[PDB]
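Model the placement of chain B with the ligands on the given structure of chain A, informed by the hints.
The primary structure of each chain is shown beneath.
Number of protein chains: 2
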Amino acid sequence: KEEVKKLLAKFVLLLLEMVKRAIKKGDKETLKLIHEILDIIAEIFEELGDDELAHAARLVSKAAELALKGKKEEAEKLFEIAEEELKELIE
Amino acid sequence: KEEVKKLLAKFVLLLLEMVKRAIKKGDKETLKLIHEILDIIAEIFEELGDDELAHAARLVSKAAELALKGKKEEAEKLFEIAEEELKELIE
Ligand SMILES: [Zn+2]
Ligand SMILES: [Zn+2]
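Chains as they are written, first to last, in the deposited numbering: chain A, 141 to 231; chain B, 141 to 231.
Mixed in with the good hints there might be a few duds.
Claimed, not checked - Within a straight-line C-alpha distance of at most 30 Å, the following computed DSSO-like cross-link-like pairs (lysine-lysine) qualify:
#	chain 1	residue 1	chain 2	residue 2
1	A	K150	A	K227
2	A	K150	B	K217
3	A	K211	A	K168
4	A	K146	B	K217
Don't read these hints as lab results, they were simulated from the structure.
In isolation and in its complexed conformation, chain A is listed as follows:
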């Protein structure tokens, strides 16, 4: 269970990297697909008993949603705090 959670955190970090890559362009289906994936990941975290990592996954989902729908000036701050929390959680 511990390794599953650590590996899912690594997966969320990779998805966040891909989200930034898609935001630096006009990709609009990648953001929707990653939002779906990250929502599933947050549900898996909340079934695993962890609630502070599910919050990180849902925060990345929120930032992807924000950048998908026009406002791409506040998604960056969400990105920063999301990476911070994820890195604190992994180690």
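Only chain B with the ligands this time, still in chain A's reference frame:
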């Protein structure tokens, strides 16, 4: 079933005001209770078929958790984003 969503959004706005009040007096026993309530409300929103409102509720939860831990500068930004989105969604 739409009036329920509107009233729950109003309740989440009241909880946001309560959290903003509880921050400036170093509370630690009300922030955890509000985090619990807001997580329950986010689950209700998820089971009610609304994801954008659940994201706002969980954003308020994340800001409350950040204030609880000790980080209070990004918590304010999270509050602004959640408040703005709830203000859009209460109409
Ligand atoms: Zn979502
Ligand atoms: Zn929580």
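Results of checking the hints against the structure:
Of the pairs offered as hints, the one joining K150(A) and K227(A) holds, with about 9 Å between alpha carbons and a cut-off of 30 Å not exceeded. For the hint pairing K150(A) with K217(B), the CA-to-CA distance comes to about 26 Å; that is within 30 Å, so the pair holds. Between the alpha carbons of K211(A) and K168(A) the distance comes to roughly 13 Å, so the proposed pair stays at or under 30 Å and holds. Taken as a hint, the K146(A) and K217(B) pair is honoured in the structure, with Cα atoms around 28 Å apart against an allowance of 30 Å.
The structure shown violates none of the earlier numbered hints.
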